[PDB]
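Before any questions on how it binds or moves, here is one chain, the form solved without this ligand, in structure tokens.
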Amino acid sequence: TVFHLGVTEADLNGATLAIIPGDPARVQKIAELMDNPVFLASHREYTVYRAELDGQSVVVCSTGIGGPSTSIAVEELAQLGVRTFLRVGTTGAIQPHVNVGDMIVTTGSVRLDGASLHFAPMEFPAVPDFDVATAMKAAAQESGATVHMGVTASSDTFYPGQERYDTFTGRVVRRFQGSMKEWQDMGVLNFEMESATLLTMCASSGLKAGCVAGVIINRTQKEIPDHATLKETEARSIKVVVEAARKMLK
């Protein structure tokens, strides 16, 4: 019955934890890694499944791309009792030796977004819940993935805010010119688009959140991710996030 997600509290069957990928197509994939996956609804960028993990209900809900739709999903799920949010995403590596297929667990986000400011002023840290970050690190490491813990630059755009130049105008606004090297020099691991919003919103709202993402491109090489390695990277990331969910449930 929530405005956008089209699900009710009853639909969630007691779920207090959500796995929130960006891509609607990833929802079923994640759900099927758990028990009794059930399709709930799909409207706009929000595809929602429920499943069971060690006897506990878990909701899987896509967020779409971007802080704005992410913020809607988190809010509406929180309205229905969800308190823990595990983003599983795709990401571009900023550092040269973070490779495609590696997993990145965000310890803090550079807030290159707008939606985070709708929850807390810029000085507030876009930081994950410590339990979630711990669970994500553990799940990733236990899985045998190559895992990096660190800061993520989280941008409201895919193109200029991640300093991509292979674009229609080929221009990047002054603020973002040279930004990728600046973040690289500052030890920032990766770019994605939703963690600043997610982490700030949750950390300032009594919700627990984290972000783990599979590296699909190394930005020291090129701007557009290769298709060939997307599926395997995604499969690894969802294995990891489901295990992180297990760790959060008990």
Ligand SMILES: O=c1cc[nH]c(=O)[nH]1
The other form holds:
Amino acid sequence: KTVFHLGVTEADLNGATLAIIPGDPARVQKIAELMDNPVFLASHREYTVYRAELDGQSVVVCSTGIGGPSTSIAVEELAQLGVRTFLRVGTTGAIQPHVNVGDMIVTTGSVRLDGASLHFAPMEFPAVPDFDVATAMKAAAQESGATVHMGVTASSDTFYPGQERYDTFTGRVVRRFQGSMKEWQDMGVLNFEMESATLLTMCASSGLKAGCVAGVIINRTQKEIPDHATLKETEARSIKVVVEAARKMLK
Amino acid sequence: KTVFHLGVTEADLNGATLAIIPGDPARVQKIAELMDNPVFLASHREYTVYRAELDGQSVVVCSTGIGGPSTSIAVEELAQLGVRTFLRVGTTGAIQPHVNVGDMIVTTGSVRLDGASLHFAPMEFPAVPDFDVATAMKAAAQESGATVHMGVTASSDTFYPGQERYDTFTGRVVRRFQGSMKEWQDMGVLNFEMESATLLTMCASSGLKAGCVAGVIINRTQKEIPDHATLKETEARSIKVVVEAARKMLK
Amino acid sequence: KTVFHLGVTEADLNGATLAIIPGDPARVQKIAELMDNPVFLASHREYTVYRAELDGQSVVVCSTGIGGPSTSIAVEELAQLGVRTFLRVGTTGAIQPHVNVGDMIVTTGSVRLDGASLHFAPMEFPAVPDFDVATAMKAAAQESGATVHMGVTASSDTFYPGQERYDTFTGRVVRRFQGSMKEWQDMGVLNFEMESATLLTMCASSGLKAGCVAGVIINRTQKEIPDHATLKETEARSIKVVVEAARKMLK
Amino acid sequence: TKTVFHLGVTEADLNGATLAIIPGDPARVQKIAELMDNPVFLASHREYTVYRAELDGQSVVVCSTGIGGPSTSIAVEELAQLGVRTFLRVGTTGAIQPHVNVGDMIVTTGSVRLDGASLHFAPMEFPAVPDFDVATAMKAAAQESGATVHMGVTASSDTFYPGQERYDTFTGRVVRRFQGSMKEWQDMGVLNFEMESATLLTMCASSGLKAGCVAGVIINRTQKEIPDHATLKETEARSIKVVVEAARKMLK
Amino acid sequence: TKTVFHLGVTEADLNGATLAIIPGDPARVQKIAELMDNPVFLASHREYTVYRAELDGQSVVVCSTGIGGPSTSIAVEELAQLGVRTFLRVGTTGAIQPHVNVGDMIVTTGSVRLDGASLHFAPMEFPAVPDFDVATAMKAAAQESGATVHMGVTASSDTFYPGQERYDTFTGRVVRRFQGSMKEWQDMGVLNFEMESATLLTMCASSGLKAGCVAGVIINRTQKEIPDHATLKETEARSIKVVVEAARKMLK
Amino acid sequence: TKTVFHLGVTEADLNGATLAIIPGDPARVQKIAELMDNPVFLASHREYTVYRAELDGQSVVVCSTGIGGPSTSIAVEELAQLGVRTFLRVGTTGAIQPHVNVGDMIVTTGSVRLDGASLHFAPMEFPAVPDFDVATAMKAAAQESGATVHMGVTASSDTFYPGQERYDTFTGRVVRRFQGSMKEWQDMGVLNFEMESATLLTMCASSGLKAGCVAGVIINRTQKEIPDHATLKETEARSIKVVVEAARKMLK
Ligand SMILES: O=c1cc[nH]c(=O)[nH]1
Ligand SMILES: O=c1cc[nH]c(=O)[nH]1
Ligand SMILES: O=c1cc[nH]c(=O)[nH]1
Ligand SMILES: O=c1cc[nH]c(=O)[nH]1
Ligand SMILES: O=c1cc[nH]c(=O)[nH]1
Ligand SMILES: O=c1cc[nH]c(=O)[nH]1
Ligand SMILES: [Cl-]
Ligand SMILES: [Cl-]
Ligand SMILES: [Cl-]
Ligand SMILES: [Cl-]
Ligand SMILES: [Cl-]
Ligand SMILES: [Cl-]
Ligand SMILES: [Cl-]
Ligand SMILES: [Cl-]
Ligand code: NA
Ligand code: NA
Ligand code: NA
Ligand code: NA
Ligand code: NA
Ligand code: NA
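Could you drop in the structure for the form deposited with this ligand bound? We only have the form solved without this ligand so far.
Complete assembly follows, chain above in first position.
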């Protein structure tokens, strides 16, 4: 009756059918405390799980860890317990010169640079969000006063070569990814992160509602390693937006 | 300059930056006449081109023919002549039992079962619409009184084997497509058509805004025959909806 | 009894088992009038259909539109009505310096740069003409007095990026097609067009005889512009050649 | 002097370590480190808990990877930036062959690349294989512990559920690519499923880094019996004793 | 002045030959050469036995390829460095259509590329098709010999066993890719299986060389998997008479 | 019992052998057999020359493969039908790393699958890896001989020319897939090129057969010096002494 990795039961969720799924286990309590009656449920591996209440309805907050594989486990196990809507929040690197640190991006579709999406649907299938979730995320971001961009997200199984970073141990990027950042830039792609392709393909092919919003922590036309100075303020804004987006999805 | 296939010049379009692109040449005049001052511009091969005025702004109506290849020529040549927004309309058959004849579908992403999309972006890239166009299409469709479905469309380079039809000369479907209709049904795909993967991938990777709307006229899962009045109503409603969606994009 | 797109019945074809399939609906009547007793049968979308008599035998002439998708519908529906041999006549761009405007090309195999051929056979399968049809087309083309080239044709789902054209709205070509025209030139490929890969693969995997012949309307390597008179003669010779090739196929 | 972005440590923090033991679970990091001398906590950020210890007088890092190739690839790269050149993966696992019993140990000789991150280092043709010295040391350490040791191929999946052909799930569906896959791997002699070795081995073998994987079997997909609690606890303890003894063999 | 790496012959050794007949079995080389005038042994190294001869006063090379695209690609390349521009393949084959009889001939109009070496010359989209004049010469030579000749598509496999969907093997298994493949090709109208035409035709058609393939049917897969030796000599004698007359038509 | 179709031998002809040494060149078969006791010629057909000998009182087969995965796959299959379970490949190789000299030996720990026949046994994700016992025996035999021995990844190509990125050819062209590929493999630490290991190791690892590859370096693609005849002859002799000693270590 406890799910295998997350360590929670259906009763622990207290009726929740919506989950906010940040990446970092440390963001879980912060998100829960933006809501009412936050309650710690479990922590195992990269999965920290809280419940809280938003306009009187239970919401679960569960970290995913980095990457499609760990995200896919959390989504499956939460779905087993009745969760049907998944709101992903995370950090991201902008590809376009005009998208600045602190701006918010809402993904309209993901470039599938991952492996786990292929475990749910063949490559032809679109990694696209639920329209209601994407609409809620746009409205929450805009209502908050943020600068918001809607568009395509390149979603990579690596932080380093698949985002065409060269300041690395080998300084090498495999042929597939050489020139890839400028290719995505010329195609209008807004940003890089590491989970949206898996999450959106999995949910869109499995009857689950999902969307992604992310705060820009670096502009890749400038540099490869994000500055620490701006991380906390961008993170605070993103989680305020995602909780408001959850409020708009409650029925 | 006159573009190679469409036979029109930039001056012929009178400043239009938006095009409505049906598949059937005979539907071009029917769409144009819902607007002010429709004028025939050209007809060559499958490309019949009219200009009209909507709220005082010039709009193009141009047929695409069947399939991504002929669609890709029309979109490119119109873009050479200043068009930046492309609204695809038609009627369609559904593959989900809950979708009824006369309902509308607004595509949120396409399964790329085509070839021409690969001439613009590798298969990983999402065949997704511009979010403003999809939003305007949803609103216009709802305001028509129709029941509207937002969701994924399977976009095939064939009418017969790629839609898993067996009632054919050979009665065979190649390995790739055996079992495919049930596969898409179980992944929540709403419908089949033959152009959206090429159109959406081309435009999303080229800085052009695109979307697709279709009224439903048949359903692979419901064996009954719809009434003539309903099919006539659905055709009329689809084109009223696309023109109202264009009005929302120009505003 | 009436096929879904072409609008004709088996009886309308008066026993024809051979069709000549140009791309452009306006060339159908021209081809039919080179034969005896031409009869208009139907026009719907890009499909204009005539019948005529050649040495006392019925022959269908049916346009395909541009691209594999629209071609695949016409071939299927004609095969449902008893047609077994398909002769494709069409325009092409030569990419070899020794091939001049006005020469003929008879395709011995196609580079499958399309999507619809994969709806009939996996990529490993050769896009190959029927040997009797290719033999008949070579003989007809040579007997006309034309200079005739037998060889490989690159068959693309786009006119622009898949033929490595840069004079376009974006001026970009996706990675797959960058450098591709020089690649095909160095591999001895003669020309680009947009339907032979689908046609030849579909027919060679479905028990239908097919072949393709084309007059060269431009050479991608020559800066000189062809005479209006030269293009006119080339158009006329191409259709006289395909009718002669049809004569040689009748049994 | 830089601190690497995800792990939050500097080169000086590692005290000269050129070998890392990389379990998946952050809670297992301290448990491995305490088998060595002078264990010290360095950092914990996200799924990455980092300790340093000393083995026969040499510095060794212990750093968790999280689940899956993506988070693993970050840890390996950032440790390599700080001088680490040898990576010893440890963990427990479930087998797909009837002759491999719970509590047995598997040393991977190559991985089926059912992941995505391996493709960010080398095209699919490239073999996901371990360094031969690491695999040799892992085999010897596993045998010296008294365990039954199997050398062979591991299927390394980006999912726990469909990519391991599990049907007891929310949708109950497995995509076409993975339908029949478990039987296919069983008939090809594959030993086990796990979720990180394809990425780890391909990344390292293509980047001048020495890597290997050793695991304890925590389930056998073909057996009805359920292992007892003592057996599972013994297998956990044995797997980390084994990887520390394999490290000792690599340092000498 | 060069001696090619594998064939062990120089351009002077070929006495001006621009046409080669390329059987697979080295023992067939002398048999083909003796159907022509003034045959001379040139070299034998590995699976490559090379003779020259004269046909209608013109020099002709005969060189074995061995089995498979890789060894064929070496012989074709090295002969092309020494001036050969036309390559006539003769070999044996298994029919996959019930009406084709043992002893019939097949002239390939295009090959299903079930090989790997063709991809070393052109991507998979490129058609494995013969030169039209060679195919035409082979059809006419085959008809004129009295044989029953079929023109059509050939499935060209890198293996004799699983890629031809044979089950009478050590494991009895066929990998997923090839399960059902023989019936799939049969329903697509494919005539036969062999092992070199995909590589040869793709290499040549993408390299400015003229090539074609003719093969004698030694088995029909409607009946059995292992060919009978009974009529093998008869089929082989007819096949080589045909290929020499096809060469005569190409020189004319 | 039956005579296998290509090799032309029966189970009784092998006198109980369950281990085969499989060189590439048919002329090397007798030389290997004569390093053992009581060598007996069994058959020669096409590229397949087959001998039997005795090693420490046990029957061993020696069978050539020809060049390439396709002809290798036939020999391994037919030997397996006759009871062979362990296959020791010896062959020549071109090194691509500057540190690997002519006369050194390479023992493959995994192959880059630049072939087609491996895909007839397992999908591309599957690793082309050796049996751990065979690789261990080859390393020991090679090191005990006094040779300098390298363990690592081998690029296994269906061509000698474009798939090894040679431009010194009739067209001077290398298809897009292989342009830049030698530097890519060099930077990924790949040791050498040959033409059979991917097929052999994938086939065997997915079919319950034990296989490994050892190779003598006959050229280095990064070196301008040409090796002298004496060095080449010594390398040839050492490679077959090594493979015989590795067989000795595999006998039970
Ligand atoms: O550049 C960035 C920043 C955050 N997360 C990513 O994946 N990439
Ligand atoms: O089934 C159908 C109906 C309309 N258009 C399509 O492409 N398929
Ligand atoms: O260049 C050309 C000319 C005609 N048709 C094509 O497809 N391309
Ligand atoms: O079955 C199992 C057990 C542990 N880890 C996995 O990935 N699969
Ligand atoms: O069946 C057969 C016979 C000969 N050669 C082949 O490749 N297959
Ligand atoms: O360079 C070389 C030398 C021998 N064998 C090969 O395959 N390549
Ligand atoms: Cl996060
Ligand atoms: Cl329409
Ligand atoms: Cl958008
Ligand atoms: Cl035309
Ligand atoms: Cl034919
Ligand atoms: Cl762990
Ligand atoms: Cl032969
Ligand atoms: Cl050898
Ligand atoms: Na993780
Ligand atoms: Na909206
Ligand atoms: Na069309
Ligand atoms: Na002919
Ligand atoms: Na061979
Ligand atoms: Na060892």
